[PDB]
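Read the single chain below, which is given as structure tokens and is the form deposited without the named molecule.
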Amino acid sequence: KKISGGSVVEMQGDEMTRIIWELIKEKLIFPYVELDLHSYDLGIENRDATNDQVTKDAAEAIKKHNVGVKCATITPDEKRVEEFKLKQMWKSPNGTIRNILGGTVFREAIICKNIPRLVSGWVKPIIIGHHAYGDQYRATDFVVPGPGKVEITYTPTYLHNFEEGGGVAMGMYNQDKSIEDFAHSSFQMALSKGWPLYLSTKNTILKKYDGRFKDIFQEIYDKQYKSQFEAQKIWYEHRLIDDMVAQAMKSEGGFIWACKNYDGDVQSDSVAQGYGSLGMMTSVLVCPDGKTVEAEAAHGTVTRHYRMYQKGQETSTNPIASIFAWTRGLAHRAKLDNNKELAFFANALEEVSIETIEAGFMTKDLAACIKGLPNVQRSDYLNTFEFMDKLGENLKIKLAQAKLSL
């Protein structure tokens, strides 16, 4: 008999990750787990053909069933429009889903003991959350073509005066609800992992903007979470950005870092490339309710490897991030459904994945972290299919051993 997994929304993606996604389902998931599966094809051709409606349908399904697992997808640019003769330069499906669900995306590395990190002291990951654009947080910019007068007004006035040539201008807004969501999601994520949370900001050039974040986080923390935080021996703290990197540099990890800048970062984003390889980084979209999540690999579709696969050439694409999307999705599914057997399985597959790598069986990217790419020989790593087979083989052994303990 298989494990009764329950309701899961799955989203198929593009290029190399799509290949790997099917191998994961065929070899690691479906042999052991029966799922009420709600499948949406977010591959670029089906998105074009549906006018991106499939992305919206998928997001609504996640809102309804609480658990999404998604494969990496192509975000179209001009070259992609010419390649697929697309109808429009469609918006990132990640953006569209995150917008509809209202969540915050949190990136978390998978640490293996034999893989170097930026800072060798890190034994647990530092989870980094971002405040991204949505329905209630957006910006327009435009080319100021010549001399004039830019103003920004509020109707129930704030000035430049352009007297010489041209330039550019912009505007940006943020509703309290958008910030409250970001706060809620971040506290929910902290309670889930049992780790402390830090909101980072900088400097206060836009003082009234950053102050609204600090205040909203503090208000929500004091009134709805502090009791639950102390209960788990954890805390919330606002922190400056420089003190945040300082702390990261000198810690073992195991905290959540909610980053607040004007749609990205230089040093938040630097920590997330400091765990060796892009194949070891997952995303989890966490909604304010605590109840709904969407799991996804943080990397892209791995186009370069896909082109090799199309020419029949050997690839060594790391499936770990994609596997951990399934395991973190299924783990959340199990917590909602109170399903002991599925929670066990999800954890088992995570253990097998790390054990396999720690035992010396790995894809080329991870071999390169250890040895340096110039020193990597073919004997040092497995190809995409060899590594998936090795995982599949170890997973079977692990679950067989579990069953043999009565």
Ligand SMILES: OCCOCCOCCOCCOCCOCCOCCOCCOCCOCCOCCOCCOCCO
Second form
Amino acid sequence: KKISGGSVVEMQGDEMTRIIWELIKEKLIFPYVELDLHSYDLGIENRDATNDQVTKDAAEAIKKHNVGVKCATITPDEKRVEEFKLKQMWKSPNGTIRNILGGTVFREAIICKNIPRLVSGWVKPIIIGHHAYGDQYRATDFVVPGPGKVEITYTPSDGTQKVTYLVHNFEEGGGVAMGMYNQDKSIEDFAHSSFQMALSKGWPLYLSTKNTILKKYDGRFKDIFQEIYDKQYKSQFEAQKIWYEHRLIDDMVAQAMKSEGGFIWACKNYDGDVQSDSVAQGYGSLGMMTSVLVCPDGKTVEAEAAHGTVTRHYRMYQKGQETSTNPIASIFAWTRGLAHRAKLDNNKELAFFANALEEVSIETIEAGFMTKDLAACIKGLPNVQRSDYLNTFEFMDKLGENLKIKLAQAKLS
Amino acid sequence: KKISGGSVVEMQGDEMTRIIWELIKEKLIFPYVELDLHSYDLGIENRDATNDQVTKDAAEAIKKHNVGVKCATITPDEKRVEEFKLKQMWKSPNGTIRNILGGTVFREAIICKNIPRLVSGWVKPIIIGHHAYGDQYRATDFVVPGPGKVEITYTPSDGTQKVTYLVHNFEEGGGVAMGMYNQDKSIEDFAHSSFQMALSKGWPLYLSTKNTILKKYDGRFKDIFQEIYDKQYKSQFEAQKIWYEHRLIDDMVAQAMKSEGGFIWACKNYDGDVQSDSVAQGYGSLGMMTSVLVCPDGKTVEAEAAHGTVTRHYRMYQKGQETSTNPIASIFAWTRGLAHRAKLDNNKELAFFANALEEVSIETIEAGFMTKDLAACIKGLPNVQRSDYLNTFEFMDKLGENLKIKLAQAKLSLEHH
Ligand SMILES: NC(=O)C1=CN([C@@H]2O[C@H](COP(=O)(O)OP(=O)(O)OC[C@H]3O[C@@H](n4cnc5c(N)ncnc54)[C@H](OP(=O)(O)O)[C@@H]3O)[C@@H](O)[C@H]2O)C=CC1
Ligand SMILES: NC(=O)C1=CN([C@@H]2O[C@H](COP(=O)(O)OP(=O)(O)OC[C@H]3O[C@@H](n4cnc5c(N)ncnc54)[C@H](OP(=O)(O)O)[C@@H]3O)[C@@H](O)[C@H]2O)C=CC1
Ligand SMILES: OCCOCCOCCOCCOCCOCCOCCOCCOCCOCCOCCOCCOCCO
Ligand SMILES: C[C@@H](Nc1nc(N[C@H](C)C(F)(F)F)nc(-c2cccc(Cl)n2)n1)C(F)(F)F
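May I ask for the structure of the form solved in complex with the named molecule now, the form deposited without the named molecule having been displayed?
Everything in the complex follows now, all chains and molecules, and the chain you saw is the first one.
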């Protein structure tokens, strides 16, 4: 009857994405696929009840079963503490999971040909791999109050000679200073994840640094990537007629705007983070941005939407006002997780299903059925009328009918 | 009968831009302008021979004569050391010059009517206000060879106790660490140049930081800009119905991509570096962008192309293949440098020459004669044929033809009379 899906780790989420997540399971997944589902409720309340232990348990389950699909979750702040009366201000579950798995998140826009892009020549997506460790995000910065000397020092653990460098001698007034770092193993894992992602997609890979300026700091990224490429991955790239190349960051961003798309882009922490919103708006909507965490083994993945829980739409839903929330990124978390599960298990039936759900979602939007965010990209939000879009539940119903028709004609060979 | 040009500091560069540089001088400058030329060879080989002292010499010359025009230069890494057998990995000459001169680098695309953009919304220009001092260009980075503790310390001049901050304790391996800084006074001058540029153009101004992560480092930039705005510029902005607003760099990049253009973008050193190439490409080509470093005094300027030596095109040139590198940005380094020289000396003839060469450049491209990069914006790179563009030297020939006619008509005109 149903396709045997295998073991999948499922992580339930919050707010509007929580509603869509159950609609996806009930209307798109469960009628056709039978899964060994290991479910973890990462809803903000269950996280509070378990003192965030449910988040660590889910990450360990992903490590054992190799495939996880996650719904967007609330990252607590001070207002969230008051809203839910949380015991503590729990940290981001995405950060906790990524730190336990040790992978790199790759974000990819889902492209439908009728949705215009802000950059004219983009025909294929640009997949950015984000090294989410170190650099500015673990740095120590401080105000320099007046004249004085700032130095950075290194004291070896083996008791050998301590090294000291002059950062700056403030002579006239004050200013600011900061120290930051990165780690060899994290960079090596970042490289492995990047090479594995490029090989799975069959696309070339680019790493961006500023090693001409940061000769030691950024040069280490360039050296680690090149040595791992030359020793472990180059023949696989050549056999697929792809390649790896290092580029300076300023040249790289311009090359990305000029390109047609269709490459993997390994980004340092800052470079990947600061442009994520622009890539989403550049291709259309945040609702079309999916993501996958790829571990250096190439075997363990965790897929999820690259956007949040869409709190503003959830507030409208709570007051009975019509919402039109895009489910594509959430749906593609399931198809990408299920497609990886099928690749691990040599499951042709599941691989066919995952691709069929992708085609169904793209064909539906390209046929003119879309949510308000996509209609606004075509027409401009001030010009969007009610007849231009389907609400959140109508669009899920339309996807469910098209998927049923697609699989029914696929069963007729 | 040549135009008396005055004192100009010239800095020769590397690879493809070095070849274009000589063509500009022999075809567009030397036949029409007689200069008191102070030339410094910043080619990678002469920098290696002088142990990079020629770079410091050029910066001091710019300080003395107040006008510098620089060709793009190689900043070496390990690959360049082996290529040229260098004595060491010399620091970027631009970082050295900018950190001696200080100030703000203003960068803006060169717009021709027949060149489609990559960002269709950018109907107005975007001017990048790039802080030229500190941050990554004056950073101290090193390899961490193994387990150990990295700390950053502050020892105040007032004799009180040293302050020690833990950066990271490497426990099981090695990695990298670095320290960087900036100075209150240079941030203040950066703010003043940004506000004054916005008021001169009549456009709003935005400053982008990452103060959500670097609350102290980037918070200082945000605080200094807001302090100077509220106390010295806010009323003037409101008189022109413009404004200044701080933006998170994440929001600013997305906001700029959705925008109509027509604003000044004050950027920190690293961000202004990336945005220079990105904004140039969005309007058409890296070869169509000016860049002028303006020192806090306003008297000294260093003009340059925003792009690099175009190594990839030079590699084709070395193979004996025809290349179509865009020389406009390098030409506008000369015209912008000479225009400031004319302003300092109140040299009407030289001021006319600089503007005339810029007009000839625009007019030549808008007439259909352009390099391959601009033909690709019109036709799309998969569709461009050899018949659609000129190589670098044919294009320089066409410019020289039109400039000779333009300057000949100027000397017969009434304004010269
Ligand atoms: N993956 C994760 O677990 C992440 C979770 N979050 C959490 O999500 C919550 C909300 O964060 P927020 O800043 O609002 O960011 P969101 O991504 O949730 O939403 C921001 C805006 O983007 C638009 N948007 C995003 N996703 C969709 C979609 N699927 N369909 C239609 N429009 C969409 C909406 O615009 P408009 O209002 O104009 O219609 C929305 O208001 C926070 O608690 C945050 O911590 C945040 C980031 C990642
Ligand atoms: N101000 C300076 O002195 C600078 C010096 N450099 C140095 O230059 C060298 C090369 O740097 P790189 O990263 O390649 O950056 P470049 O700016 O030199 O070139 C990158 C790419 O941009 C395009 N491009 C740039 N300028 C032009 C132009 N005038 N006409 C047409 N296309 C152009 C070309 O793209 P395509 O290949 O698609 O045709 C080129 O391959 C390095 O040694 C670097 O240190 C770099 C930046 C600034
Ligand atoms: O057939 C499936 C299709 O279903 C469509 C969507 O289904 C949604 C189901 O989501 C998953 C839930 O299923 C698992 C069971 O979960 C148990 C409860 O899960 C918690 C989800 O939150 C539900 C809302 O309750 C939150 C409790 O309130 C806390 C704060 O309360 C504030 C006061 O309430 C405000 C109500 O609105 C006010 C409007 O003015
Ligand atoms: C989606 C765009 N990515 C991107 N765009 C810009 N600039 C835009 C062109 C604009 F000027 F409009 F803001 N900058 C960056 C960047 C990256 C790393 C560090 C920094 Cl500081 N910036 N990334 C892409 F790919 F289309 F170029």
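C-alpha atoms forming the largest set that superposes within 1.5 Å between two forms make up the rigid core. Numbering follows the first chain given and starts at 1.
- In a rigid core superposition between the two forms, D135 is the single residue of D222, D135, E83, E237 whose Cα is displaced by 2 Å or more.
- Relative to the superposed core, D289 undergoes a C-alpha shift smaller than 2 Å between the two forms.
- Relative to the superposed core, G146 undergoes a Cα shift of 2 Å or more between the two forms.
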